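Please put together the full structure from these sequences, using the hints given.
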Amino acid sequence: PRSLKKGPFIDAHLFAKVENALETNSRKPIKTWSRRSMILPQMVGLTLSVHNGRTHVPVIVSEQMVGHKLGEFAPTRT
Amino acid sequence: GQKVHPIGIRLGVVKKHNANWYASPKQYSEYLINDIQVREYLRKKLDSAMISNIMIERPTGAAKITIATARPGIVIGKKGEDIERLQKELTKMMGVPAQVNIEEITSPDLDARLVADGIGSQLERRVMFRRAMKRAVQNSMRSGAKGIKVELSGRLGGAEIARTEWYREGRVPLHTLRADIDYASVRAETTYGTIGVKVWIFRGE
Amino acid sequence: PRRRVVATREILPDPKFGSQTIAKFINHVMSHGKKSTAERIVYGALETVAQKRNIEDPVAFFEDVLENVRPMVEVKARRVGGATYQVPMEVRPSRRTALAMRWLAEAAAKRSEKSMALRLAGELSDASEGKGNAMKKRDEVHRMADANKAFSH
Amino acid sequence: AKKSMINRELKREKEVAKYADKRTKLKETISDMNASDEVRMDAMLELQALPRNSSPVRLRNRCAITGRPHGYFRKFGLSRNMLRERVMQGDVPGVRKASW
Amino acid sequence: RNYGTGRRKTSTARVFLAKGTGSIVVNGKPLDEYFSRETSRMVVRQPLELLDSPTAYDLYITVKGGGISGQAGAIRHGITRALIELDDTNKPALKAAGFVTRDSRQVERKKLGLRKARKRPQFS
Amino acid sequence: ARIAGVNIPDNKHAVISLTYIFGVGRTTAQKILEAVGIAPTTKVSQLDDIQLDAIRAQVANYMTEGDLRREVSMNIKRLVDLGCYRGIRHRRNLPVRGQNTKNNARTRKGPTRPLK
Amino acid sequence: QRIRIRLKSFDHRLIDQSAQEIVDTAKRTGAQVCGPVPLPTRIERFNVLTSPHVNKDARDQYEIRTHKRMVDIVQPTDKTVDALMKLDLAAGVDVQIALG
RNA sequence: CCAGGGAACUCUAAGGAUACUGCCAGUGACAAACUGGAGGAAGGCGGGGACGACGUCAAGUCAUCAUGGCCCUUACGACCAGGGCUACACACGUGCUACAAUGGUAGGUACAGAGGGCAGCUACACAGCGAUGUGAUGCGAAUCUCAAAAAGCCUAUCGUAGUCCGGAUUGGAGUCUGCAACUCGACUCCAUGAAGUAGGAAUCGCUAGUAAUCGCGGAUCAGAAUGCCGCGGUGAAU
RNA sequence: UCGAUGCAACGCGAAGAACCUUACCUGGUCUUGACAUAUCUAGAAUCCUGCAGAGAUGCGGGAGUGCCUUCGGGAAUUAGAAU
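Chains as they are written, first to last, in this note's numbering: chain W, 1 to 78; chain R, 1001 to 1205; chain G, 2001 to 2153; chain V, 3001 to 3100; chain C, 4001 to 4124; chain E, 5001 to 5116; chain U, 6001 to 6100.
Check each hint, because a few of them may be wrong.
What the hints assert, rightly or not - Each pair of labels, with its calculated beta carbon distance range:
no.: 1; chain 1: E; residue 1: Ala-5057; chain 2: V; residue 2: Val-3039; range: 46 to 52 Å
no.: 2; chain 1: U; residue 1: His-6053; chain 2: E; residue 2: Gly-5025; range: 48 to 54 Å
no.: 3; chain 1: E; residue 1: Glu-5034; chain 2: G; residue 2: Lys-2131; range: 51 to 57 Å
no.: 4; chain 1: U; residue 1: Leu-6099; chain 2: C; residue 2: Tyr-4003; range: 39 to 45 Å
no.: 5; chain 1: U; residue 1: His-6053; chain 2: V; residue 2: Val-3039; range: 51 to 57 Å
no.: 6; chain 1: W; residue 1: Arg-27; chain 2: E; residue 2: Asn-5103; range: 52 to 58 Å
no.: 7; chain 1: E; residue 1: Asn-5103; chain 2: U; residue 2: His-6053; range: 39 to 45 Å
no.: 8; chain 1: V; residue 1: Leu-3026; chain 2: E; residue 2: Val-5096; range: 35 to 41 Å
no.: 9; chain 1: E; residue 1: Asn-5103; chain 2: W; residue 2: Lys-5; range: 35 to 41 Å
no.: 10; chain 1: R; residue 1: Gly-1095; chain 2: C; residue 2: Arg-4120; range: 49 to 55 Å
For the record, the hints were derived by calculation from the structure and aren't laboratory data. By construction, the Cβ of each residue, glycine as well, lies at the ideal position given by its N, Cα and C atoms.
Structure, rendered in structure tokens:
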């Protein structure tokens, strides 16, 4: 998957976005096209909408989804 | 299409490469890319003159390009005025100043490229292909040769169905490796399509 | 082929007995170009029967079993104007040994003994008295040869 | 290939040389053991913040003449199609038809 | 100290024949230790016993390249090349045995479109 | 002998027989034998109760068939109700590791089913 | 002061004559020189598809050999050195100097 | 390279020698030729490759390239992010791995060729079960290295079982490459252990260092071969 | 995505699709345009920056004033002005 020494990958334009959402504790969907980012424990409980190739599918982050990519939950094919 | 290039199959037995430089595998590519760029430019900027063989051997740093034309007077110009402006231009797209020298073609009728270019020029100027093909055969045999094969392919006569017409006179034994055959495949961009011109000049084993 | 008769190759005799008959039989057991693997199979099989039957020289014993397996009449396929006559003809001597060496190896490969060297040892012993699939195969060819015994074309 | 695709490779390679030195100094910094743990992750974060085309991984080396993305040879730098033409004319030094 | 150069498909063998007891040393090691193949052992010692003189000459062989049975053929050819040095009357016998001829057989090259030297990619 | 709740062949070697324990393979068997100190070549039949006990105690460290079947089931179940990509592949009985689905997936899709 | 010349070209008949005068110009100046030892040549082969579109079984096999030679000046002289820079050979063969 | 520093030999790579039905015996139109024999490393085309006649299939390629005509020009041109070319009720074509005892596994012990290496290979040491990680060394190479060749040989074991065969699938934990390994990478470790016990009609390759079998390289390539192009080892049957 | 379609298409173009390659789709964008010559307005190019954005891009601030000829100015160069 990824070397542990290199640390968990998080996109530059997503780490700031979730950081700003923590301050307001908003529940509005966060529109993102970056599904390569890993799910951190700081984003548990908030809702963000990942691109599926066509639209932005809403995903509600739970405690048992930390450690996965955002694209795990945005199916592309039918 | 089932005939090998008669120049490449002879490259070691009775012929010589028109490039004589050693470069390292890292540096080999950029020389060759630079080497090919010279050929394309020199074939367009010097189109008026009839040039057949351009040998490009580059020593350490420099580059001794050796064109073999049949009209040195118009390549060189008055007291070499035209060659010098080409000297400063070839160097601009190459490395350190590279000297260019011109070789003389005693018989501008035994070279396949020169014969092929003439046929290509004639087809450009609305000349019936039968007469252009036949004359080049006559000139080459009368100029001293042991075989000529000229082949014209395309919409000959501006027809809709292309066909290949070829007139051979002599021997031109393509399967003999020690044959010294001059080959050239040039084109003729007519108003009805490209016409391919292939010329074989057998000049003795 | 269609025109010539290519010369047959020379085969070096086996290193433990110096006979070209055993070395040719090793070629018939070998697969995948593994000469040594087949040699211990043949040597082990020959040693087993030699150690059991109390015979000092087993090259002559292998000749006895080989001559007891070699067929003399084979049934060829012939055509006369669209009719198929299964004419029985004689077997050239080079083909006799090849057929016998072939049948022994193929009959021993379907035995029930533990090891192949033991499987081959059983067939060599069984064919020595005149039993086994190898003997049965020779009879089957001879049965078909006697079955026609009427086309002498 | 298309004229745009050839030029797109040029601007994709322009950045590679423009951040060529920056990556080399950065690469040692993030791999340096003696560098502090917070030093190296900050530098590695910057590596992921550089322009995307700046990496030498998005480069697809291509034929100089025609721009063919397939059949490329490193020694010659030309696609398979144009290399055969130049070899058979004799324009490539040393190279000839092989048979053994 | 007659010298013979032996060659086989890819192995070159140099032999130094000399009158002695009959010991054979290959690459500084005894023949039996070097060659675990009984076939290779017999092939190496075949020319010596062909003309009824196995224990007459001491051998010092140094083989290189090739494989475990190609080296045996190389040694046999080299031993032939060395025996023909002391006496020219053995050459008829060795030629009749077929040991004077160097086998030109080599691994045929793989061909394009083919899977091997001759194997073809089956069609249907 | 009966080890870890299931009977294992007694005539086979100890290292081979322990592989019959669901959740214990060849190298786990080797590591078990080293801790106890029994030669792997020894058969299960010639095992004293004292050393048969020692093997049983050591097997408790590695997860046995009972617990592991749950955990594997829970791990697979965790994906199914999660709805992830690996989740939807597990429920649909299709390969989960990005394997060719056009040509060869018959070990994950069962026997080839004829189509009218 | 034992200088060693190293020659590398693609054409084999170009180095035999190139080394021949080097071993002659260094032996006609009252010096002893050993002959050019040929070192194993590098043979790079290539598989170029002839057709522009289809039928991968139609290809040419090109090869480019790289021959290498070298000579030793076991004992040099001032009249052997001064003959060596003026022997400016280029265009086909690369000449390397050890200078020691 | 190593016979006794040597200039022998092997090797390396340039130039040559030999082979020509040249000699003998026969057949054959007083022939071309053929059949055998000597000498020689080689015998009759010594083995292999490159070289593919006039034409055929309006065969393939307008997507390598060029090119006549036709068509689009705030778009059928252009840039970017994400997806996708990797989907799966299925059928077909090429292969790879197997179904085992001529074999699996664990210890020792040998024998190659060819090719690559600064867009790198890595001696050696240490940490690691391992992929690999850190330090450090030699090498633009006949110097240093990839790299140990594997099949083979000796000993033990398994004893015919869906198994100590087979290694698909799946669960867990990791290493590298790369901005980034979810879609959709390759490896490593542990666990699981699927079908498969030799395959219907039918059908294919191969005439000798060939088939069969065993490993080792390279191009493309940041990473990604069971494909391709090569290299040698053992080595048939007819 | 497209091509290859009986032998002679189907491990074929492709000597190697995570992005790129990519030619397809969803969306976000540009219009003499990523690229060539006709031109005239300023400037050596070039380097380091800030914010906003998924990115393409958009809006702003600092250092440098080439070189040969020299007061016509020239090989290159950034942003249009139109055919």
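Results of checking the hints against the structure:
| no. | hint | in the structure |
| --- | --- | --- |
| 1 | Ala-5057/E <-> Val-3039/V: 46 to 52 Å | holds, 49 Å |
| 2 | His-6053/U <-> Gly-5025/E: 48 to 54 Å | holds, 51 Å |
| 3 | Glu-5034/E <-> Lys-2131/G: 51 to 57 Å | holds, 54 Å |
| 4 | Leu-6099/U <-> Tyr-4003/C: 39 to 45 Å | holds, 42 Å |
| 5 | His-6053/U <-> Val-3039/V: 51 to 57 Å | holds, 54 Å |
| 6 | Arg-27/W <-> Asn-5103/E: 52 to 58 Å | violated, 45 Å |
| 7 | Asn-5103/E <-> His-6053/U: 39 to 45 Å | violated, 25 Å |
| 8 | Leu-3026/V <-> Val-5096/E: 35 to 41 Å | holds, 37 Å |
| 9 | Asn-5103/E <-> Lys-5/W: 35 to 41 Å | holds, 38 Å |
| 10 | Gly-1095/R <-> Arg-4120/C: 49 to 55 Å | holds, 50 Å |
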